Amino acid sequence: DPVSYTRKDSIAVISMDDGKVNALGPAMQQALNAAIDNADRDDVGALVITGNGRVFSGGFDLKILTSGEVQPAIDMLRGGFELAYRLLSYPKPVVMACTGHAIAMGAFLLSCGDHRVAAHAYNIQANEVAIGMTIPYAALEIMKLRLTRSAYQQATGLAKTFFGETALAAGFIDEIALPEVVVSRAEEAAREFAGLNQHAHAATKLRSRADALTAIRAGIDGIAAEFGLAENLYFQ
């Protein structure tokens, strides 16, 4: 069971801890979705999402992309970005406790939080170009929504690595904390956000991200095809 759910008065906490790097494979995706279903059912005032003591998440399972069997790779991507969408439109404030590095799908998931807490040492990076991949459009829209114009350019085509103050200035995180306070502080911030008006928050949230959600729902729907363009375009 890679994911814990825990109610704590007006909030809930969701913690990812597979054995290793909180890889966002089908099994992890399901657990997280189930954990959010609990929060739905419990009608919580705010949600907190945390990784484990080594990472927030290393992102998608590398080998399910390597193995050549396309359909399950598409379902994983699709599922990863649906999950991102689900948190980015969530009607309650969502607070990300970034408890280690956050790479690729990990960073994209991070960027779907209302408020994102991390430590100086933790790397936040779209490493796609460094390992030979183009970034899919859905991740671009996620990043484009939080990153400054100049950080966005470097995070993408250069796979720039961002840490602490440079991540905050870039708009990958909203707040820095000491490692042993990250979760604690995410929880305190979640309780204060639960004090905001839920319906006004939910409505304003969606207005503040209207175009990006549209373009993300288009990136989800186009992920299979996007993968096919690549396949063909190499073949040429």
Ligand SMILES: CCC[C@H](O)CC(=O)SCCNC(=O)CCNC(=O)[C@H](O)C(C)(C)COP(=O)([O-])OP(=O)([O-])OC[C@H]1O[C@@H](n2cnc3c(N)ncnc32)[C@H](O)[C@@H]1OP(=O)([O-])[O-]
Second form
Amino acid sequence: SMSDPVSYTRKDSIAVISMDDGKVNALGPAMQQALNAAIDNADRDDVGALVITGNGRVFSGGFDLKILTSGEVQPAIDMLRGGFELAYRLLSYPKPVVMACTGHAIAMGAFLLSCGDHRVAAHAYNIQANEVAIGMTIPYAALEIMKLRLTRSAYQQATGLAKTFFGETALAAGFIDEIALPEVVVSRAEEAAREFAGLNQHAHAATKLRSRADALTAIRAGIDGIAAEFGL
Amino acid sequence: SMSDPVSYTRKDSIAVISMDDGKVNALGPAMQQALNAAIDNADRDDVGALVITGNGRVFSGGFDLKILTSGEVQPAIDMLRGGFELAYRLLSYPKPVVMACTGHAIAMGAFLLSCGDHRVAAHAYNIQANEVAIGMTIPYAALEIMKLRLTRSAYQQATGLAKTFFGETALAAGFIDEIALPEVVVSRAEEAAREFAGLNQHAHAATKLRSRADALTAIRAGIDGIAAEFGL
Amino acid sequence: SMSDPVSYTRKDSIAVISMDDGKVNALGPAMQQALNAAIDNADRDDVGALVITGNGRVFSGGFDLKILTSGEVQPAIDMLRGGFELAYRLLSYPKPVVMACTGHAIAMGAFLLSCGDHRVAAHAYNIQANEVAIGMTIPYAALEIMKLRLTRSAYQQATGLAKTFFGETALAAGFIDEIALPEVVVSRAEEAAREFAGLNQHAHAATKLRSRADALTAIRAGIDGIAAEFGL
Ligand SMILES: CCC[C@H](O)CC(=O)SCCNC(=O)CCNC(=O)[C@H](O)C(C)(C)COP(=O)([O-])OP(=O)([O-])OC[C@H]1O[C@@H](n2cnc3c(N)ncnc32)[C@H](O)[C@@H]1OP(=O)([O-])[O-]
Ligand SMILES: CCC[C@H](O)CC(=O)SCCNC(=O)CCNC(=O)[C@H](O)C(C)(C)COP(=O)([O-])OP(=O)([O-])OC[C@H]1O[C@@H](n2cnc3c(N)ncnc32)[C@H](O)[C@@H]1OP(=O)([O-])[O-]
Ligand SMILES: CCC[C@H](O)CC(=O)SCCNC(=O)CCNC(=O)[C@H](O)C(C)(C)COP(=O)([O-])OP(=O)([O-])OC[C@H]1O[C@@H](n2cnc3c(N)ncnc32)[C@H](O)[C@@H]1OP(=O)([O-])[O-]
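Show the form solved in complex with the named molecule, please, the one above being the form deposited without the named molecule.
Next comes the full complex, this chain leading.
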């Protein structure tokens, strides 16, 4: 539901966090708060791993366009900061995080997707930073998230050319780690999550931070520089 | 012709710049001036995108070997600086740049190729930094251009081992973005160019600079350090 | 033999260095000294290229676990420093280095493997940094070695998730450069070595250092920071 856009379900060693706002899982304030609250729940349950899913229509269509373009600056800035804060939180999360990309992932939807330790999508799901196509420059925080995962040549095209990836081209590019049929995307993500929960948690938490140190520092800077993007 | 080695042709939303010196499109002073002048023309026409092609024999065989090895130092330095200046100009160009790799691309030919936003080649076209094979160390400016596009492992082999890439291995390595049959390489490049011209120009110009900032800074330094390569 | 775990054989333009301790080629002090001594021999013979092989069972199972977990700190530190010193030496070696991955390569075995200019393995050979699986954080020196070769997304999974790679997935990830049938892994490595020996040696030595400068600096730092890993 739009009022209640996130569900949380503990399954033995994992927690499944599912976005469904009835529409395209826009990452506005309500959605961000719902996600953060679900993660707090996973912290409380001390689960072995997280799965985050979209709905049957998309993973996420990104930030809420209504807020972004209402003509009020501070709320748009605040929505942007919160989205990238959440990305930071997922990239630094001390448990394995698996993304079940259950539909298209556009812009912030794709940036959020790129925060998972393991990412599962179906062959025909579009993954795209479409900013340049719609006349926006890609924020530094988003650039750093993408640069952490996309091959050097895919990064060039994904950014400057707003290239759309899917299936095998998304896998080769580093926009996803696993392809599965639509009807088993979630099951495959849960399966992967259960396996990762068997890894040593301390070693995983510590190693992932080392493998992402420079990106996380650059993302923190990008979050604090969001206002400057606007020139504000 | 060798005297007139570059043609410029505006086609609606794109400009097609074609190298043909009657030979292997050596990137000597005349060729560099011809290319720069054609780009100035594209600036004047305010086109949506550029396509740059080679001839039916090669994309380019790289710098003019006659000048490089004549035994006169300053002209060789000046040719090298101009080639990498042109590369800098293409990597920072505010319109999408599509390379039609119409034949082999060796050394500076491959470095020039790697300056396109989108690069199209045929299956059997060799793309290779052959410096190490012929007893030269790869200039820092060239290393940075390659590092911007080649995967980490392909970069290692392309440089130290002068590895030759083509077709699928060039695509996987990040030496090209698209493979096409020889007879449609140019058509595919033009088609891609027309599509990219539909992107928001300001957003594209700004985003590509962000996606290349560190490389461009390192390339500027490499251009100013060309003389030092010789130990001069 | 365990007492005599390394053989050295000059073949025309190449030297073949073969690990076989009768077991899993554990990289303890004896093995490290044997390897260094074999390399000194290659220096003396001034060969064109090196091939390093494992045995019929593995490339290497990594550091000696007996020493690592005996409960004596300084010998474990010293073994670790020596392994990464040897890696530094191979990455900076002035002749082409080809690894014949003749069996599985785990942890330091995989890090050692990643020091070759060209790496050949068979389809079913597991290559894995398994540290996180067994509750250890990956040392910075090892992280830098891996980051030099693994694609951005493969690096994430190889480290934080202790992902196992093999065959095509290892090739795509950048854990190897060539796949061959088990019975010709060594022959293919020797063949590649002979070809690389035909490259200009000075240009190769100089170019590989440039292509690895930042990694080598970070690896030197990681070697000098091994004691700190323990918190010692
Ligand atoms: C400045 C830096 C910021 C950062 O970089 C990102 C920016 O946001 S730039 C990136 C900017 N993002 C984009 O330019 C495009 C993002 N969206 C899309 O690409 C497609 O809509 C999507 C593939 C998600 C769904 O395709 P589909 O399945 O064919 O469905 P559909 O297309 O017919 O739309 C369905 C309904 O949902 C609505 N709606 C859609 N998106 C949003 C949104 N972000 N928010 C709110 N609503 C959104 C839409 O209005 C419609 O509502 P209604 O009243 O019921 O008709
Ligand atoms: C120091 C840092 C600098 C930077 O890093 C790069 C350096 O330059 S290092 C890289 C150095 N580059 C190389 O080591 C090799 C570059 N060239 C090649 O790899 C091949 O020639 C190529 C594939 C291009 C064409 O193959 P193909 O189709 O079989 O044709 P072909 O092979 O039979 O030669 C055709 C004709 O063109 C001539 N010619 C060729 N290249 C050049 C040149 N760069 N210039 C002038 N001329 C050149 C050749 O002399 C011949 O002339 P002629 O009097 O009519 O006989
Ligand atoms: C802190 C930072 C350090 C750095 O990051 C790396 C660390 O070391 S973390 C990484 C830590 N490494 C690991 O967690 C695992 C590494 N080893 C393996 O993954 C597998 O053993 C391997 C695939 C190599 C062989 O499989 P297989 O063919 O089925 O054979 P097998 O499995 O049945 O064992 C055969 C025999 O060799 C023995 N032995 C094995 N490894 C070692 C060793 N490293 N040393 C000494 N011995 C070793 C084993 O005890 C056995 O002896 P025995 O008395 O005759 O029974």
